[PDB]
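What follows is a single structure, written as structure tokens, with notes after it.
As you look at this complex, bear in mind that one protein chain is not there, while each of the others sits in place.
For reference, chains read A, B, C, D, E, F and G in written order, and residue numbers begin at 1 within each chain.
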Amino acid sequence: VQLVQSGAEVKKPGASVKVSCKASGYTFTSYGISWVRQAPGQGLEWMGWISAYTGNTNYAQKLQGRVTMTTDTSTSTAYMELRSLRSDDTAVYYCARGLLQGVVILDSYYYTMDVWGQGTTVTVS
Amino acid sequence: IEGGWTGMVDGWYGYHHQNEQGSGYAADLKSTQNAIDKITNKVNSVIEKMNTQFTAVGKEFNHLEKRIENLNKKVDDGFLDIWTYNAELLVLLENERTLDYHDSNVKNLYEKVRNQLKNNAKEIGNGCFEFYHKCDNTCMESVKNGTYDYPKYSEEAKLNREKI
Amino acid sequence: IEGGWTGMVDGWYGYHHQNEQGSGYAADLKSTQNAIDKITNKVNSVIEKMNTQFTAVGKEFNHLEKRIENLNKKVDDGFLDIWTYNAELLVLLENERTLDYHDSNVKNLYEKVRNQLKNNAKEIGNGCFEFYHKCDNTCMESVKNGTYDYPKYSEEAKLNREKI
Amino acid sequence: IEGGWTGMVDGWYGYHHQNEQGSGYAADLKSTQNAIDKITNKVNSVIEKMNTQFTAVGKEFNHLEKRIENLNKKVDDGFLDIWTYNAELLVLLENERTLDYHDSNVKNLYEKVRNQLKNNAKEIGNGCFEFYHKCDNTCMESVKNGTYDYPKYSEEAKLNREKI
Amino acid sequence: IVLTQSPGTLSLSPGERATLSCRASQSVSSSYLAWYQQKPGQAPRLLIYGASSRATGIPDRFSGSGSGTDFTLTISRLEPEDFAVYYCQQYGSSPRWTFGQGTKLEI
Amino acid sequence: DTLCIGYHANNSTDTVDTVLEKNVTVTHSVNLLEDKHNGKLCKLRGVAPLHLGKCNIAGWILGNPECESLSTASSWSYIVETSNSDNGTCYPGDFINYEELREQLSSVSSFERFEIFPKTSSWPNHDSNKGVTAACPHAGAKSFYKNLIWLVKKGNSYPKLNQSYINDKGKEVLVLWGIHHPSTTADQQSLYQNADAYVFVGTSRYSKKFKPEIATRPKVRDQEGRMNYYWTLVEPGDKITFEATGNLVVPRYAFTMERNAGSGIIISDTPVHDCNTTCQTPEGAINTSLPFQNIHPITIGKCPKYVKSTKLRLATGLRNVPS
Amino acid sequence: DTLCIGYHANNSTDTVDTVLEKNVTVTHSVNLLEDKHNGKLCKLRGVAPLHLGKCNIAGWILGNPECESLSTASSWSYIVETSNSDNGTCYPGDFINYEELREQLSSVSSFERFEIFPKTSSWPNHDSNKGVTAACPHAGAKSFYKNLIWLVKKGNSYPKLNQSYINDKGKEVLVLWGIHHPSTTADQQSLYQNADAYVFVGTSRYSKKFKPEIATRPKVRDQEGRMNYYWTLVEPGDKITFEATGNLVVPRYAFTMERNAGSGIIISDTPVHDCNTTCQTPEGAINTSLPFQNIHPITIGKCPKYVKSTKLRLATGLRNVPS
Partner (left out) sequence: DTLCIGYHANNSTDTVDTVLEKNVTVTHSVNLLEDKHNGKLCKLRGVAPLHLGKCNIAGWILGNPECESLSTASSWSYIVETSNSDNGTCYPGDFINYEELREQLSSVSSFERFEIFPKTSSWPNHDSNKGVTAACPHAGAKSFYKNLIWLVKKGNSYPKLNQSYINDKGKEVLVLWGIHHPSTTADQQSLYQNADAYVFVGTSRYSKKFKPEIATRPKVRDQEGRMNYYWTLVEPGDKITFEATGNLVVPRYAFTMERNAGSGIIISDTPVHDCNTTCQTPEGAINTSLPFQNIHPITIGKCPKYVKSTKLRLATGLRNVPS
């Protein structure tokens, strides 16, 4: 039903950052979890997707090698590791429920992001 | 291979785990997901590739246009036969392929295990394998994960073969 | 599995008996009958699934309806082209599957006898197996029935290992 | 079989050799010739089975023949939907068939190699084989052509197996 | 794959049609497109699941359409909440999503 | 002791094609394409067709003298014409909605001919014993149509016709009539009184006024005039009326028919024989359950679909590889 | 330490047919054939249909007094007619090119009624208040069509009509009129002056002259005389003229219309409910996404293709064989 993001923090360039997304109200392992970045202004550009059920991931081609995701299914929390942060990467990241796994998808609903979190508002400076 | 398992909770393909430290029915997550995604694309290709336009069928004709009215019926009947016949064969052919496709994947899983073990376990022939060497749950997970090494407990298996 | 057997008139699949106590060809009637049932259902599915209505094809038009006669001709030619193209592809595709199906089944018997015989016979690769152990007619019958009592033959294999 | 070879001059299937006299890629001429001829016949069958008769698609009707214009449109739209749906499914199913056909051919070649080298080479499972005995260009060419005679080397591989 | 928003609703009054549309760079299935609404200061929410239908807890005023490369939102009547940024979500063949530029409606 | 697994061989030379290779020999196969026919026409669903060796539909329905010898059946599934059958219209002319009539008559469950307006009592004021064309004589008798009679002036007078009929049967009634178009005014007066003629025919659903078109035309069958042939169906319980001052060919016989199905017309020289079929092709009836045939694109009944191909044969057996 | 390779089994009873085997139970399946409907009619594309109910399309389009109460929508997605449709033409007669009018009206982007020739001032030289019939009374009032008025002689005088409509609107205009065919000459003279008369209607596109066809006819309703009904489309800017001395039934109302993408006419007694659907069937709205349906093939809209087969289901899971 809900997605809860971890608290915001301010990091210096060259560090790595851990972003957590806790999900509740539905079976965690039926749905995948995606991340979307929103810089101040501009618009949404997709960050990545991880299959909570299978552990499969998919990342933006231009960002390959610096973004890695894992899922802890015993705690029901997804984790994102963002390497080599630069100052232009200040943005609010959102967690969303993505394509579901384990059954045949006939409806168009499940190819969309239905529930979205509050946003972690990570600042890089 | 020889029948399905009612003990699985979530998944289509999987393994039976019987060990001194525990027991259960752990699904083959990567193979099930690849097969399901391919079946999903198969069904969506069958459904979405039907080209539908905004049209209307059925026409009113005058007494003196019976020759045309039957032509409309002829057209509808011809399309009906085509749509019935191809649809039946399509469904039947897709179902045949789907079942063979699924059987191939389970056989592939059997081969996946077989080629990985490299004579470190006894093949039963009923779709099951009995390990010669002692295999812990970490070993079992290594087999499920597809990263299991025959050398790691190779000599013990040979000794257990001699014990035959 | 290379060429066929000219003397086998009791079935499509079977076994070749070459023993000093007797020889000859014999069908695997359960497998052969399974092939017959699936192929018969296949042909009946191709035949029975076409919808046929009581209709009339061909219509007479006068010299001021050539446009309409040409429309009827276009309809008949379209249906003729669709039915010929679909029938030719259905026949060719299904014949490929029928032949592959049969080759799969003969390979399935080869694999099944391999799994029953295990290490008690040398594979030739041309569809033949040469037994190391002496197998009496009834012993053969047990092989073809899928009830080969492997442990009572291994004791002779122990002596045959001194020959290899 | 784990990836494509961009260094091959020609042929769809082939071999790579690593030896003291040389190293490189070569085509399997019999398998590649058979696959090329069967695929060419498949393509020619797809083209040849359609034989359109001379027609004139499109008819002009006056203002007070609107039902006839809608009937002609109905016929053209129906044929358009049948041909589009059948063409999309024919190409998709044929492409699925071609890719499985190619994987079957390479697996069958792999199995033929297993049949000749069943007891002479270490199976790795990634498309590679490692010889236990020393093999020069002549025995390698024999394996490529077929009919490699196992007894000529025999026990030397056993001693290397003993060392391993 | 990319989309161009080409917004035509940059400034308009409440009560009139917002004839906003999205263009895809390639023809896509209607089942893979969705439209999102985000009010500044709040997290985004889903508005339409596919060009042809709406099945969520949202007022009946939101009804989209579209085919091929040309898709529209066409929200029939505006209100104070309604003016918020709109996004196009396009699913590809891989498990990957791409977004358009979007646009803000000025009150 | 050697035990081999393999498959049987056969002396059959049946050859099939596949996607990947052509001319594959198999030991057993079945056909989908029927390439055989009986060469005979026969009854469809148990009711014999109406066969008109010399007459066409126009001849039979109008009652051309050459059609007197044709048998009348109570029902048909289809109508058979021969390729040399052209003894149709006697007086040169053209049926209006001819093809519509030809298709509507293709299948009748109950067909009866009856005299709608008795020749000897319906027209006491007109001469019904003339109207002779000399175009289609019967044994030199110059006879006119048997189902229609052509009325002429009694003698220096043509009293106005006013006739009506009530369809008191439970089935549809097919009523035929014609309009004569003399070539000249002098012939209009010689044959009919009152050069300015009116003809009106109508039912509750059908209502049409006719006038003559008097002009000199090319000679056909040695006559320079023309006749138009019209028809209509009278629903049960309705009324059909005729009003005329001349130039009207009135029916004598009319047909009662209950239409129940679609069917066509076969043009064929094949003789008719008693056989039990489900589909009739102009080349001959077929005896098959197979999905396709290559006999003729024009068939009647629950026929296999026409395919322009030499063979559609499915393999059912094994590839035939000699020892 | 045992591992065994196998697959999921379930309690599902879905049975799927394939080529090699029939009645195979599968753990999961997807239906391709839709066999449900809402059971009520709804608005195709969200645009309301025109519901005539008991009244036919000729009746409503002509202003039949029985169905005067029908409202007019500015747009239609399709037309709903009941199976007991009656009160079409209210004076015995027959529309010519009736089906073409019905087909053209099946889908209209814009449809508004206007008075083309105002009754009060358009015909001061003729009596417009006696154009009534007992054939189709409104509550026994002995009235006539609402969209057409029937002019009769005034003062035993019938001046020639020379009326026209300029058509300065930007959309096509549908103009309907009729021709009266009295039972006898005495009725022509009693009702109209000038027994020998003509009616001419034409545009740049259409030009046709009509003449009364006076004859006694079979009685329909309580009258023998008949009316023929005609319609034309008037192109924008194309002047339409009505020149007549004969039995012209002049229009009073005409329709301004712009046609939408072609649709059809559905005949059904199903009640109309207010909802939206992707597709309309005579048994009710269907809003499915599946490629096939088995609901009566007279659908309007973009819809699944109709098949006769009882069931079409694709397997997605494995054969369900518990062990």
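Things to note:
Here is the rule we go by: contacts are C-beta pairs under 8 Å (C-beta built on N, C-alpha and C of every residue); 3 or more make two chains touch, one makes a residue touch a chain.
One of F:70, F:220, F:267 or F:272 touches the chain omitted from the figure, and that residue is F:220. Only one residue in the set G:241, G:276 or G:287 touches the chain that does not appear here, and it is G:241. From the options D:22, D:58 or D:151, the residue with contact to the chain not on display is D:58. With the whole complex as reference, residues 38-39, 41-42, 45, 51 of subunit B touch the missing chain. The chain not shown here touches subunit G at positions 162, 164, 198, 200, 202-209, 238-241, 243. By the touch rule set out above, subunit E reaches the unshown chain at residues 27, 93.
Basically, only the chains that are shown with their structure count from here on.
Set side by side, C-G and A-G show the greater C-beta contact count at C-G.
If you average the Cα atoms of subunit C and of subunit D, the two centres end up 23 Å apart. Computed centre separation for the pair subunit D/subunit E is 45 angstrom, with centres defined by C-alpha atoms. Listed for subunit F are residues 17, 19-20, 99, 103, 262, 305, 308, each touching two or more other chains. For subunit A, the set of residues that touch two or more other chains comprises 51, 56, 103-104, 106.
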